[PDB]
Amino acid sequence: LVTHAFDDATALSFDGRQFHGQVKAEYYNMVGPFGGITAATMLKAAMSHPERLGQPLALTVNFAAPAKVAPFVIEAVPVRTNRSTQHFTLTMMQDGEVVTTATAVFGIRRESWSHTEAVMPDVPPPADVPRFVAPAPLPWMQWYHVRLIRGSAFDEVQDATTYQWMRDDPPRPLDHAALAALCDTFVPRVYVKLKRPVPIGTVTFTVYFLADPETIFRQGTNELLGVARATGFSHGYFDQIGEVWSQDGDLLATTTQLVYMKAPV
Amino acid sequence: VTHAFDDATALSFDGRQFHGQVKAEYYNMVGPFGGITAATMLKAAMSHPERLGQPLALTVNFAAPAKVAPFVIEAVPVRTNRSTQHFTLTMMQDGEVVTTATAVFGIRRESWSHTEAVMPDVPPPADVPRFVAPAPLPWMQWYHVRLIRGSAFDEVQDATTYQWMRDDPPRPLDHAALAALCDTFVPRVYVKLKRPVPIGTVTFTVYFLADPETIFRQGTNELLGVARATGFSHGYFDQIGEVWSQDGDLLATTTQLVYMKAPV
Ligand SMILES: [Cl-]
Ligand SMILES: [Cl-]
Ligand SMILES: [Cl-]
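As they're listed, the protein sequences go chains B and A. Just so we're aligned: the first sequence equals residues 4 to 268 in PDB author numbering. Just so we're aligned: the second sequence equals residues 5 to 268 in PDB author numbering.
Next up, chain B with everything else stripped away, as it sits in the complex:
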């Protein structure tokens, strides 16, 4: 029996009222844990809830304050339940104070007419792209295999747009929470733009899972292509818009991020 780190970080227990977990120090980022893991964690809670029906649709996580690397507690309410659809409200506490909050939508979906409006960019295969290793690694970075295509802080690239191949490392089958996490695996837009770091932190993170659950699972350990772009940077904040595609060209999820930023003049 071997535990994958991810399943290890997001491991929870239910006492019948609240969920218990530990912030893993191995997922640390700066000034608190990697956002994607915290969000994946926020999602399992509702997923592991007994009342929970259907599969995930959307997730919005708001980081109220950087989580200590401590045990924490999550209280996940099945706030509304309808035929095909379900809404959750979640709260994570450490030492009696609110650390993180999230809302989620679960639902049972059936097949419809489908089309894909966005274009998948034309890119080389994971074969041709070399894995990218940062000179100063972040603890959680070790948990992902990223082949960077364009858009880094080392690039000559003058816009904010990033392309990357990414998967869990070591390889892990794909599911919803893992997928949420992969959406915070993007280098902060602002670094990409300035080629040097500034202090930043994420206030809020949203993710929509566009692909039906079956499609998502289909990927198994196959690598994925993320695309993160930025919109603007003003008066202390900026935003990240991003998409995640299957190697086949199927659009898996879309995400947005609102991020505090410290750059003065």
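Just so you know, the hints here were simulated from the structure itself, not pulled from any lab data. Treat the hints loosely; a few may be bogus.
Facing chain A, from chain B, some residues (calculated, C-beta under 7 Å) [stated by the list, open to error]:
#: 1; residue: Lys71
#: 2; residue: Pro81
#: 3; residue: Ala163
#: 4; residue: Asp215
#: 5; residue: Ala266
Computed, partial: chain A to chain B, Cβ under 8 Å [to be verified]:
#: 6; residue: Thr119
#: 7; residue: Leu213
#: 8; residue: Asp215
#: 9; residue: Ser237
#: 10; residue: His238
#: 11; residue: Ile244
#: 12; residue: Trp248
#: 13; residue: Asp251
#: 14; residue: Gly252
Virtual Cβ for every residue (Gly too), placed ideally from N, Cα, C.
Using the hints, position chain A with the ligands against chain B.
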């Protein structure tokens, strides 16, 4: 004489909760209007005794379409930090939850600025005629929309809409108003399929990227909305949007996630 929007979002604090009334003037055929609903949620947080700072972000989930009736809202300032604060809000009609939301307040400080995305080149409001829809919903009489691109009547082959928008009759722009304006877009799915289908918004998000001083300066003027979609599969599609001042200032961005009935 008060303004309808201001009538719709008017709330009274009993010391614990907020009390307001869904108003039919704002009805949408399916249930009430998302934007008005969303606005009220934020109005709650701003109106809270404990509010600190100005709006940053808001996400709203519609658990169930609200009936036209009185409601209460529990707005909770879940954490209050030095420079930043977070709310969780719950609208309830008859003890069953209708709507929830999470808001972020905080302070905008002078800092570095660049804007990455390109505001499209479009005709000024003047040279675009106001588009009045053939079958209007009650909430529609409260907005003035000049439609440049992307309608269900258009010849367009994609999901992308450009338009000019402001409240009618005019009211000085504020955060709540701004939020509402983001639900103004014809659902992406009409635009592509060039025909109306059943839809609903499960979830909606507005980031406010312009500092408050910038938002307020807009005052009474028309804004450019820009809305697109990434994809449609298995009952849902999404909507991405941007809101620009005329000066080329980026004000907000939005995402919406939307139900659809579209069998093969
Ligand atoms: Cl964080
Ligand atoms: Cl609650
Ligand atoms: Cl957004």
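To see whether the hints hold, each was checked on the structure:
1. Annotation: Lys71(B) was flagged as interfacial toward chain A, and the flag is violated, the nearest CB pair being 14 Å apart, outside 7 Å.
2. The beta carbon of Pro81(B) is not positioned within 7 Å of any beta carbon in chain A (closest approach about 10 Å), and the interface hint is therefore violated.
3. At about 5 Å, the closest approach between the beta carbon of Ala163(B) and any beta carbon in chain A falls short of 7 Å, and the interface hint on this residue holds.
4. Because the smallest distance between the Cβ of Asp215(B) and any Cβ of chain A comes to about 4 Å, under 7 Å, the interface hint for this residue holds.
5. Residue-level restraint check for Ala266(B) holds (minimum Cβ-Cβ distance to chain A is 4 Å; threshold 7 Å).
6. Given the 8 Å rule on beta carbons, the hint for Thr119(A) holds: about 4 Å separates it from the nearest Cβ of chain B.
7. Interface restraint check for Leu213(A): the shortest CB-CB distance to chain B comes to about 5 Å, inside 8 Å, so the restraint holds.
8. Because the smallest distance between the Cβ of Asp215(A) and any Cβ of chain B comes to about 4 Å, under 8 Å, the interface hint for this residue holds.
9. At a threshold of 8 Å, the smallest CB-CB gap from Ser237(A) to chain B is about 4 Å, leaving the interface hint in force.
10. Given the 8 Å rule on beta carbons, the hint for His238(A) holds: about 4 Å separates it from the nearest Cβ of chain B.
11. For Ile244(A), the shortest C-beta to C-beta distance to chain B is roughly 7 Å, which falls under 8 Å, so the interface hint holds.
12. Hint status for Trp248(A) relative to chain B: violated, with the closest Cβ pair at about 10 Å, above 8 Å.
13. Using the Cβ-Cβ criterion of 8 Å, the hint placing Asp251(A) at the interface with chain B is not satisfied: the shortest such distance is roughly 13 Å.
14. Because the closest C-beta pair between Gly252(A) and chain B is about 11 Å apart, greater than 8 Å, the hint is violated.
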